[PDB]
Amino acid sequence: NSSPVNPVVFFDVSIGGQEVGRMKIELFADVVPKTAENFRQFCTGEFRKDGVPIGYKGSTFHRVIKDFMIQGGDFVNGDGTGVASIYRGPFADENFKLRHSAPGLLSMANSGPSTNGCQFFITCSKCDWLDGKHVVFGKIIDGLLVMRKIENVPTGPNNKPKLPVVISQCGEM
């Protein structure tokens, strides 16, 4: 009841060059602080690597699979192969205390144990087969409808949206 509130960040989403609303995301600093902090810093747009700002502003959701998940966060290569973190390079899986038990959760994408970077996915549905494999670190607390809007975008090969689904702007609440 008197516990400090988790940090909250926002994503202003654009689909096909048209703004479609804001998603407010709570980051679980009280469960996975290191993972939450990595994400928070990339939302500010003020975090710098070698003097150059890196973050989610302008990044794409390169893969949208309705009834499953939406992946994005690759501000490095913009195609799902990019890796970066505030710790420089891939970082360890903090813990798997939280499960992919509902739609709207934020979880870290990876390419195996302890390969977390900047990429993440938002669950469109529960997906327990990812439990213990991906670190859950946040969830949409306002504007879940925007996630549903993204979910319905027409996709092409490998479920890449046919229209740009971008993080037009982001930052902290």
Contents of the next structure:
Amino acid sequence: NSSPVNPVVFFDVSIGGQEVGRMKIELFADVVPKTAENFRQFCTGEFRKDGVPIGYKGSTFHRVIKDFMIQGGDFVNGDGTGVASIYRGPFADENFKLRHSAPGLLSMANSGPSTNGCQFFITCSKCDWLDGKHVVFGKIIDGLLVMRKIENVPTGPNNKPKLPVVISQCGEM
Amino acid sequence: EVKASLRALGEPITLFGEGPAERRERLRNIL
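Form deposited with the partner chain bound structure, per the form deposited without the partner chain context:
Now the complete complex, all chains and molecules, led by this one.
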């Protein structure tokens, strides 16, 4: 099997200011290369805007819905309204080859057809109803425990975590 | 090569916004 190895990235997560572990994510470059690359770069800080590296470092998980999903990646506004990509502005849904068939999957958040940006979510259960609407682009290969810790964080209105869920550090493995 | 070495040591090959020199130094301190 001389197939190119998919990119592996990592998020070091902090809850209420306390470090709680590392999540390693495989980006399915061999299925959705454009979407995977956009994400990898926001993990490495390789994409710069006005000389400044931009990405997930220091961003948060602004919405946690136990038994459904955890969402973050809005390093623009930190509230779910932010949109940014290495392609400049929102980009098209590459394809819907992969499904939300299990917990631990990485999928692009959006606000309708072809509105992908920087925001993403991690599945906490199977999300059948989301197939074809959101582009699945990766999965947790290590640190499922961190995701469950994140999932259990207490939330308030609109399921906003009561304590800060921060990506203290990130990069590529 | 720095990246392959860090990979061989199970260390991240790149931290957010890390440049070549910083990456080299990070590996240098581990060896």
